[PDB]
Amino acid sequence: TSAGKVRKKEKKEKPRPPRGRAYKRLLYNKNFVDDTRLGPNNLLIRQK
Amino acid sequence: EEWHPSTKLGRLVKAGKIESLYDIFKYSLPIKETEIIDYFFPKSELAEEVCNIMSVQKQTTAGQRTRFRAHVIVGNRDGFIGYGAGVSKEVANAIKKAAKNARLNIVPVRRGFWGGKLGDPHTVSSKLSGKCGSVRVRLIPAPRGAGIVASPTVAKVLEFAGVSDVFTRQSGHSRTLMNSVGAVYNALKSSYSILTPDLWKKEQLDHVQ
Amino acid sequence: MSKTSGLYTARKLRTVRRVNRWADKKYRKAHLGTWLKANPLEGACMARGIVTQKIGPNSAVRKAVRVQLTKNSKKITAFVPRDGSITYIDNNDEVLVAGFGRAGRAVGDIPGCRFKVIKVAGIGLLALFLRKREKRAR
Amino acid sequence: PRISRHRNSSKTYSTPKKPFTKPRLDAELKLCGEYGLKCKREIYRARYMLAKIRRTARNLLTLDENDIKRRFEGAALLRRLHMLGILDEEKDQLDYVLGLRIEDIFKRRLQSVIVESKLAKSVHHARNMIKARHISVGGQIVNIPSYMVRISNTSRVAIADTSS
Amino acid sequence: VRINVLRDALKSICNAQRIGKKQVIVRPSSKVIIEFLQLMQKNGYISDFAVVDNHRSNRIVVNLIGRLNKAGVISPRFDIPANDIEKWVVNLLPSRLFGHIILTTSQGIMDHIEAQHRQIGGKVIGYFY
RNA sequence: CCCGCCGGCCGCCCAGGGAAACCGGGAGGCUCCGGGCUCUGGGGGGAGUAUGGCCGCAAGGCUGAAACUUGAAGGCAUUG
RNA sequence: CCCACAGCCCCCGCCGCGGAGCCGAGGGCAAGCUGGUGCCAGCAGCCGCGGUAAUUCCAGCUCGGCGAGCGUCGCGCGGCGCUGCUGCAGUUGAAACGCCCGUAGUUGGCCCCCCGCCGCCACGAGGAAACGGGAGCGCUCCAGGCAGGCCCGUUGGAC
Ligand SMILES: [Mg+2]
Ligand SMILES: [Mg+2]
Ligand SMILES: [Mg+2]
Ligand SMILES: [Mg+2]
Ligand SMILES: [Mg+2]
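Protein chains in written order, with the deposited numbering: chain e, 9 to 15, 20 to 48, 55 to 66; chain C, 25 to 233; chain X, 1 to 56, 62 to 143; chain J, 2 to 165; chain W, 2 to 130.
Worth flagging that the hints you see were computed from the coordinates, not collected in a lab.
Ideal Cβ positions, reconstructed from N, Cα and C, are used throughout, including at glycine.
Hints are not guaranteed to be accurate.
Below, computed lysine-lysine pairings styled on DSS-like, alpha-carbon distance capped at 25 Å [unchecked claim]:
no., chain 1, residue 1, chain 2, residue 2
1, J, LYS18, e, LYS42
2, J, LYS31, C, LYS180
3, C, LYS213, C, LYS141
4, X, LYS79, X, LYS68
Going by beta-carbon spacing under 7 Å, a handful of chain J positions derived as facing chain C [what the hints assert, rightly or not]:
no., residue
5, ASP96
6, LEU99
7, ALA133
The following label-pair restraints were derived from C-beta to C-beta distances [unchecked claim]:
no., chain 1, residue 1, chain 2, residue 2, range
8, W, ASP85, X, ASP114, 50 to 60 Å
9, C, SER68, X, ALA23, 50 to 60 Å
10, C, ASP144, J, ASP93, 30 to 40 Å
11, C, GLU73, e, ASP47, 18 to 28 Å
12, e, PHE44, J, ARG56, 33 to 43 Å
13, X, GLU42, J, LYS108, 51 to 61 Å
14, X, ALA23, C, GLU227, 36 to 46 Å
15, W, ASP112, C, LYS151, 12 to 22 Å
16, C, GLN83, W, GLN24, 52 to 62 Å
Working from the sequences, and respecting the hints, build out all of it.
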């Protein structure tokens, strides 16, 4: 009835990803040097 | 097991009598066996690509009968391009048929220079036009380093054919992929059929083959 | 052919183009002037008015409001985008209203709506939706 | 009015007409990794310069060889390219210019020239030292990574005398 | 009524060449036609021809050799500045290496290559390749 | 009687053209896109409507908008 | 040091805060797993989603683009050969006046080698710069500006 009727997990406090070029360097090794299927469940299953 | 030639040309290719594909093309001999090319193209020099897959339906008494039509191109990036289509109840079988048909039909591509001559040819010999359905294409030679100014679909065909500089214009309903690919294929096919002042030389015919 | 092509025919081609360029709908809309006089915004990116009434194949009631432009005094209808944003809008309140994506034509399944609310009481609606700003002054 | 109104200004790069293109993204990321580019504006700058050179070369090439203007402008352009090290010394015909590539522009950046001399371990290390003013060109120290060295100045690059 | 004789002549020539003939007859001869044919002959496209005098707009007979690919005219003879030829070459010709464009100048009818050589301009008549 | 020429009315038709039906005495010689002249059209409704002007005994004819609305309307062909 | 005086830049000493946001993840268009809600609330430029797994709403995780900037609204150019001179269409999709005569207008076969005039092509004189192009110069680079070292074209600011 009340509008916004449709409208909390603790935030994963982890070290920030590097900023600037260092971020660019991360993806370069992420897709080539490091073993990857980008975004499927099985990849996320492995990382846990 | 082993490939048994079913044609005179096939048997001749089985033997070493014919040594190059240009020796077949120069007499307009049709190709009916996929082995006639792979024996001339053993290494992975050529490359296959799937362009578009479309589903077609036929209304019947109880529901529709569905099928798939596929389009495939092949080329070595050295003056050779092919294009074919196939249809079947299964997607993979249609892809195989399209690949076989693309391999079967192939044509050489003539390449030339823009203004200055130096090194190997890099662009089409002259202006080439093609037609299919409502789609017309224009290929204009470009200077070295100009890249390929074309849509993503046509650019793939140009890259496979082995052309690095060219200006393109498309007219008609270009969103119909098969007709655009056919238009560019026909334009490329016409290349070795235009007479130029360099080819005016009068050569006497040879009785052999 | 079907077009004049003589060497001394520039005048005829000029007048032909002048007459025939008026048949395009967009060109007429842009360079005729009727649209300019009819458009409530009078060619502005957005305007300022006052709220006077909160009102409502997809079957989804939408929340909107009636506005009266200050500089022009005419009445229009505006739509409140976000979820639960109607509460931030009170009767007899000053708002800033802009247009939709399409200039003039209606957007989406909303019938006869061409304006959007973006600021209320001097605070961005989207900012209030994310709690960046607050309306405790009102 | 103020004299500052007569100062000139201009942009220095061009953005692609089609933003999302997988091969282009891959190539740009590849180049950024090899040459340690901070962002994608440097690639656009390089493309801009290359386009300018290519257009000049085209316009000159459209004319006859024995044209006074053609000789003048071709000589100027070739001298500039040779001095900047983009084009090789042995090439003197205008045709060779049109085949140039942005990699040639990149290879003359300060980071690259110090890395090829073995004075730095990597492009990233080179950038880090450059920002810390530890390098010198001739008798002067330059702290701009994008600084372009000239062929006659390649052998005069060293480590800053005052650098610790 | 009849206006452009050269257009009719060129259309007839191309029509005959299409179906692999060997001789064509053009009805209304004229000096411009003769110079056009002379240039075509000099560049090796149409072998020889003859003019038959009848005291009334002489006829002419040409012999083909299956080399001509396309011929045409530009009806409203525009003026070409000496430095505005490359645009027309790009627009009209298949390539910058082969093909010819005919201009009439104060120095006479000549190919565009010759005009570029002398750095002069003029009016455009036609083209062939 | 048959062999022709000019003019006219028709049928089938190779090339060629076209989205195709089909045209081929052109709807050919055209993205390889320039013989000359005149007229008309620019998504569907509102609407051949309103207001003005001319004509007519009248019925009506010629000329001819805008606001607003809408996401498709249409052509040729295939299977049921 | 500079400055009318003060800053700011730059140089010399001592001590020493390293801080990323805005949009999005069905297609056009690069980027995917849990919990709520249940044609309601809402998203959606267009197609469309939502009536119990919602790949599209609301949230968490993860991921993508640009980046000290990102997004929204209106206008102009482009896209658009959908205003078409280059370069549209007019049997059936929108569109050849019912037909003839006819002024203005537009367009008009072939022919004389050398004279005059008009158009045309080339060159030249004359006439503001700034902007634009362009020769040369290491403001640390750059946007910029017309400078600098010494033995300087009479150094140069050409065109
Ligand atoms: Mg045309
Ligand atoms: Mg149209
Ligand atoms: Mg309409
Ligand atoms: Mg009808
Ligand atoms: Mg109709």
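Hints numbered earlier in the text: which of these fail when held up against the supplied structure? Violated hints (numbers, rising): 1, 7, 10 and 14; every other hint is consistent with the structure.
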